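K.L.:
Below are the chains, spelled out letter by letter.
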Amino acid sequence: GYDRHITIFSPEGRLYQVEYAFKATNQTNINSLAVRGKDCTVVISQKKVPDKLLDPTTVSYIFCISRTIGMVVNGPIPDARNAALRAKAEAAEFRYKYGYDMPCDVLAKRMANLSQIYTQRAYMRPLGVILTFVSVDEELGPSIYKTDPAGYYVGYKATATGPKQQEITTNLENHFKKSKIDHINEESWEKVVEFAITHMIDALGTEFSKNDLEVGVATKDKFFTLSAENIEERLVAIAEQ
Amino acid sequence: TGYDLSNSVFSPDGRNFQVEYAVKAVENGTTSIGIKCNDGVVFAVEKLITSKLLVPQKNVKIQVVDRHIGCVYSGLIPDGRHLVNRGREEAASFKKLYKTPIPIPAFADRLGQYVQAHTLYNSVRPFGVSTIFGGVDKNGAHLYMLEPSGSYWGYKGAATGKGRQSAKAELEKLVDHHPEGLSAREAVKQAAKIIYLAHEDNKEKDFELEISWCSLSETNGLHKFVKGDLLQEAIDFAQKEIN
Amino acid sequence: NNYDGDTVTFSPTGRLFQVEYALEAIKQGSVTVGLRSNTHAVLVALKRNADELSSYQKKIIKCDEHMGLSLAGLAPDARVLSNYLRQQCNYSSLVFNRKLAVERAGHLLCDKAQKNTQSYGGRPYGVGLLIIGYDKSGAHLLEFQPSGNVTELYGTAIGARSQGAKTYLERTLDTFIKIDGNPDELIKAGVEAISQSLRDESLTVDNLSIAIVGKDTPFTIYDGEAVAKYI
Amino acid sequence: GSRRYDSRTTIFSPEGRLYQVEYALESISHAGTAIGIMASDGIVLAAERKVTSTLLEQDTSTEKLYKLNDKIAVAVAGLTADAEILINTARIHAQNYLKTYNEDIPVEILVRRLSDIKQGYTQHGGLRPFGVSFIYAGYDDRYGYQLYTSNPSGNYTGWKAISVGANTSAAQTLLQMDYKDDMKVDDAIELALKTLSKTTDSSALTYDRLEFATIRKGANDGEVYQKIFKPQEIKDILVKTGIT
Amino acid sequence: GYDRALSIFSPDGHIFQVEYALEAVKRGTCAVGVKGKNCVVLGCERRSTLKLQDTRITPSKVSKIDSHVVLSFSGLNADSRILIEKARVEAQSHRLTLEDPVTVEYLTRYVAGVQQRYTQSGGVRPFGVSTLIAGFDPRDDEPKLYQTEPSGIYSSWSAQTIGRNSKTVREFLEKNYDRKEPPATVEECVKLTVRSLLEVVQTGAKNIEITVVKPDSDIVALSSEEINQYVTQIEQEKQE
Amino acid sequence: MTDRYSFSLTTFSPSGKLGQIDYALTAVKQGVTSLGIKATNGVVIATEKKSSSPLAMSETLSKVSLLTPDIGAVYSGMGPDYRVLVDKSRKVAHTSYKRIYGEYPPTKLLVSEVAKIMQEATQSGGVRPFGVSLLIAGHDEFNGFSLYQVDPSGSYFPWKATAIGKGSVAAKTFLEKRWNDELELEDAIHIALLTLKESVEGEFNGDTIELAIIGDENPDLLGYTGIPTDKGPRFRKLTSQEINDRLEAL
Amino acid sequence: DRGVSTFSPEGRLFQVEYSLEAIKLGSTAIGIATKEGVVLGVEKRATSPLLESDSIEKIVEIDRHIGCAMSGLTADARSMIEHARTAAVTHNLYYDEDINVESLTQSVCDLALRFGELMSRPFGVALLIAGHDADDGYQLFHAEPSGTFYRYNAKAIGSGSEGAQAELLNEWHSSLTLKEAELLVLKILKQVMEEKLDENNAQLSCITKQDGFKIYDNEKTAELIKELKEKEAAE
Amino acid sequence: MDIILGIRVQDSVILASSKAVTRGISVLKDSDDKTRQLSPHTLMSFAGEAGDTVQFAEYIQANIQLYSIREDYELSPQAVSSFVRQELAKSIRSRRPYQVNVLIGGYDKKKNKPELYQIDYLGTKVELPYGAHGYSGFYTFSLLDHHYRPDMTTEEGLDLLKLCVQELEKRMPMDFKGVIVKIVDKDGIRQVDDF
Amino acid sequence: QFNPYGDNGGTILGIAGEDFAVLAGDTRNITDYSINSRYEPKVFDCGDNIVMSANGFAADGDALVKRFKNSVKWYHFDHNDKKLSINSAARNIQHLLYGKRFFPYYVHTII
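Residue numbers (PDB author numbering), protein chains in the order written: chain U, 2 to 242; chain T, 2 to 244; chain S, 3 to 233; chain P, 1 to 244; chain Q, 1 to 240; chain O, 1 to 250; chain R, 1 to 117, 125 to 242; chain X, 1 to 195; chain Z, 1 to 111.
It is possible that part of the hints are untrue.
Unchecked claim - 25 Å max Cα-Cα, derived PhoX-like pairs, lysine-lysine:
| # | chain 1 | residue 1 | chain 2 | residue 2 |
| --- | --- | --- | --- | --- |
| 1 | O | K108 | U | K98 |
| 2 | P | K235 | P | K217 |
| 3 | X | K90 | P | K99 |
| 4 | P | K184 | P | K235 |
| 5 | Z | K73 | S | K60 |
| 6 | P | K67 | O | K116 |
| 7 | O | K108 | P | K230 |
| 8 | O | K49 | U | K178 |
In short, the hints are calculated from the structure, not lab data.
Hey, can you work out the whole structure from these sequences and the hints?
P.N.:
In structure tokens, the structure reads:
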């Protein structure tokens, strides 16, 4: 069955390469999670540095696409960086052509269109990644938009991605059934970050030190990633709670 | 099945078997390492002395990129040279436009993205090398190791090829008992040792040691080869430590 | 076996079978020896005829006044590669008024052979080459191979039964490395080496091809009557 | 590389047949039957729709009969989408001819060029052939009324009466039996319907499963008129020839 | 563009796509050409599982390339139109530059070159056609007849046949054609051309086509009537 | 590097099936149900917004898209394929019509262009067919109201009413029962909602149903006043609120 | 199936090696080189007696000083001959001189290997290129689809070649006259030819420094044939 | 080049074209035929820029001959004229335009009508009872305006031409070495051998 | 506006004896009213017993001689070390110069 090697239909109307690309998404064995505050959007991903020889500072799956947009990837790093560089190029071109910063959802759509092409044209393989895009958009406010190897995308109130993703998902749905609202009703990003980590701990049944996480935050007019110390401060705040 | 006959094809695992096969040719190669130090990086390689007919000192494998970046690799040597040629075009282009020499993380991704592009189509074969490289820039020292999938990270120390595990074992030891730093001159001795040590897993043929380094104090942030008295000095250091 | 249909496919053990089959054409090819002193470098090549009525295939090709090679394997591939080298020697001259360093000639061949081992629909080169020259840093011998692997040596040999001469040179090393400023003696030691690779036949007068380059010697090829002196 | 996934659409079988042409014809043999009949005073085109649903918009659809210019029309049997690509090409080609010579295109010349495009897809480029056969009905001042067929091979032939699509062996027998040369258009109309009536895979032939067209001299003195019948006009012709 | 080497060598040294193109020629309607003392005659079978054929408008199997050169063929009809077009184009280009109509050998050489080119170009299959090219060089009264085939080989023939059962009609021509004495008139040559087709045809009804080419661009297509007489005269000279 | 697949990936099998078109249709069969009904004074297209996660905001995912002020589209099958087709469909309305005639294309011709795009993915080198079927509802001055279905083959057919996807067999039967040629637009909306209740498992409300109409011109939606002959878009998306109003009277 | 430019495990190009088989099925071609000229002779092999044998052109002029004979898929030769003629006239245009026989042959053989995935397959025809130049006198070259060309004192290609080459291996000596060489080619052809050799089904040609490449007409050849039987009968 | 005329009478088209070919101060030739037969019943005369004239005529001729052979049919004069106009209309916006003016004289066998078409190098076509390109027109048009009748015989047409040529030899500054006259009728094209 | 030519002056002279030939040239190189060099050779040994001078615009002269010297080198490679006859050199140079017919080498050439 060469219908299992390139992106052409199988007899039951399926694209196996797209399906196998989704499988690669979890190779890194990393779970990611994103929630929206009132003023901010927070995206946390587990950080795992197995080999002691690595320089831990260069081990990241969160990317700074634009001034305002950040992206966390779930999937192998080469494909992740291919997606990162491309998204950066597209966000910069958009700003030059149209005279305003590329919105999160639009970049998400454009990357989704790119992904779609690989599902249709035979010479391009899909990238084995899932891209979660976050910002505080100037029209739509706090935003989460996620793209997969199918070329599918949609906006989220909150989301999770990875192997243990289903547990994190249902954990969050449970919080929002209770809370009755679209987001974390919290003033500062610092406390939204605490929420994100706290609910990741509950759902995974594990604790984290400062080196086990990696955190991204988008406020109005910038996206930035927390240093080890910023997270320690955040973890300590959680401890005394 | 047959998922492994064509590059860029995902297996049901989510794997690209051609890249994994590329790795075997790398694992088959001679040993090579790199060591990050206080203000620089040190590179070294094992060169199997195929025959007495090999002119000593004259089959250089460490390749310079720009004036500040060293690159060494284990695997298919021609594939390695091809990658450096590309790297040199990238640093030429980056300097041409931005005036400043290419920073190391910047350079890392240029090689990273290019190697990764050879896992995207079935009309190309992935690279048959793992590449250890780096140097000194406006932010200090950086060492990288790049693999056939296009995966790369920053390293405190790194190794690849036949003796990678013996090398990695000795590297972890250095890292543990020198948590405040290792001098550039020290790293040149340690490098010699670890190549002599990692040569045991590969010891039919005896071998030629080759070292290079960029240090902000010792070579002024430029890539130079280790030669003469300093080479012999580290050769002797390593000879002590095997007995 | 399943992974030998093209150059762009790796075997499960990490091999490139089309490159290995390309290497096989050299093995089938007639033997050629190269060796050097500090002042000269010599190529000796055994030429192979089709039958008793045919000329003996040329094995040695001039690249510049100071560089040249010998071939074993597909002759047309050597013509392509030598031509390419002639151009790089040319380019170095006309642009930089600079004779091309043998080391650079090595690197340039390596990268040219390499492109063919990584892309679809192409094929590796089916020939092995030994490059001798005399540049600004003395005498040189290079061994090219269609994998891309170029190797600087004091001496070597490639082709059919080359293993004989290759061991002899390895034994002779300290003798011939110092045949400095004597052309004839380096040639005869080359002729002696090639003799280790002969079976049921020895060196005749239109059978044998010798080339030499050195300090005050243009790369020049000796054939026919002008090698009788050396058998 | 990519060779491994190449069907090779443009090669010969050991018997010297073009596989993809043979299989396109086999595809075309399951399409709604189209019939062309040529009379001394006009041409008839009749085609059967692929089984209609009660809810399909009957009048605004054109599945089978298309206008190439004012003097030429085609009946289609095969993949509709493929047919449309070729039709727009034929229309343009007729307009290039009018633009170049200031005369309407001779029927064969248009037919030949479409057949040459089909031919190309079976010889070079490695693409699949067009899964389409046409019945060309048209008029010009050199040969008068003409019928042609072309098929995926790029072969074309002229006819007095001919059918394409399903049951053409049955239909060609019935046309061969009742067709006369002196025949007037109104008899040819009747023949076309009586022939579909018998070869159809449906229980009964009704107006809403038919496309019908004529090319007559039935306007004002030596000038030609194309008639694409509305639903009602077919429904009336069905009663007047006594099939309903 | 599409690149594949569709025509390639097999271990036995055969190019299967050229050989399979010959199978298409085998399956094509028969064709024969016979050259007289002062003329050439082209005859073509017309397959007879078809009435309702409108022969006013259906492509004639013999095609004029220039006014002094005619070409017929056996094999794929679609492929033949492409060769005929290029040949017609080249005919007019040779007139424009050399100021002289093509010799029959030249026209043959060109069409043969086209077929051959399609045997070793990527992305194309060979022409499923063999041709009989016949006519008179300009200001030359000696008759010409040539054969081409999918491989690109071509040559001159006193008389020759191609297509289905050509082996049968070649058999006939081989014992009924004297090299030393070609059919001395148009009459005689037409008869030998029709006689040969009658080994293989059926009734000589809507089943045989004949074109006669004389010197100085003097080509005339025969009609049912005239053919039919040769048919009846052949059959009543049969009762022995 | 670059595309070396310049040969078709859809070819005739010995039976004369086109495998990849057949399989694309199977992808459409799996897809979520969508429908369209044509009234005398308008057209309705409708589908279910079957949300992937409940954490998703399914209003950010529009299955029903404006193509021109007077034309709207909906699909069953693969969403990503739809989304790019909408992008191409919107652009071709401009490049190959509006930039030439200074007006938006009539429905059948925009459909014709879309069908062309989909036919080309069925024959061009190195691509698979589109895994969707589209229902395009639209208005234009000379043809009035129309409804078209477009399949992966590139074929299109005009409909009085129809459905595609999951429960299309049942849905068409139900539409045959109810459709007459005197339906007023509100009657068609009512029927559409009933038909869509059949093939909807869980929640059935204004947040899980996407429904748009091609109806009266909406000057309140045009964005400007002063040109009396410009009167605004006939394509209107019904709001969540508006859908729920008709569910109480269902 | 598998790439056109693929190497066998023995280190040979499949497509080249297969072309070599096609050449073995070809009609016989023989050339002999002497100090008085080079002779080129071929088997015409008419597939049927209705084919006019004089229209079988398997010996061909390249320039006045260079001739060529062929064996194999002879249609593949047309473009090789066309390149050769162009190269020979072109060289004379650039240099106001006759092109060398070896150079011409090298030029032709450069075409040979430029096929793949340029043309789609190698040539299925071998060529005996015979000529004369001032530098190296009379020369005969065997030009193959491998892109290799050999110089020969004598050579046979095509179906009768293993038998003909062994025959040539004995009969050639370095003082053959042109006459002797003509007779030798005639003699060896009649042996390996399926049918009986006459002036219609075999063709002779030579190239001399004085008169250049000439093809012999059937009268002159018929006399060399009559001459050949007389020497033979008389031993 | 310079002088080319045409008169369409009752049953024929008559084309008169000067024989002189001049470069600098030398009449290189005095018997030049400035005409190509495009098809048996269609003739084209031409004048303009050296080289372009013949190259154009022969290119057109080749295309019409190809058409004839392909379709075994002769294009009507109207159709040939439109083809020529379009070719000239293309050329005028090319890199280097064809600088050729033509007259197309043809007998349409279907209509049994003679037809004269005047086309300049811009591709400006008109159907005319009589026409001229160049300075000729300035004398001949007014002359023909007065002397031409629609129903004239071929013999009267030739006499009308003698009037035109007499006048041009009287008043034109250059020596154009007489004309070559050709008649296009229902029986094809023939040339008058003395004029 | 840029003028791609210049005049470097000098003058050359060739004469044929029975079994010898000369090519003389002054060694002065000028532009306008200045001397650039009192000794800048413009007559060259080009191998195969051919001497050549391209006098006029120096940049073009050097370009031509370079290309002819390269032509000779390649003639040896491609034609088995054959000697380039003076007539064949003459014809070769015609093609070098005419190659640039529409942007010529401004030189008077003598071999």
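K.L.:
So, for every hint listed, does it hold in this structure?
P.N.:
How the hints compare with the structure:
no. : hint            : in the structure
1   : O:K108 / U:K98  : 34 Å, violated
2   : P:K235 / P:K217 : 23 Å, holds
3   : X:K90 / P:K99   : 13 Å, holds
4   : P:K184 / P:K235 : 21 Å, holds
5   : Z:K73 / S:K60   : 20 Å, holds
6   : P:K67 / O:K116  : 18 Å, holds
7   : O:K108 / P:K230 : 18 Å, holds
8   : O:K49 / U:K178  : 20 Å, holds
Hint compliance for this structure: hint 1 alone is broken.
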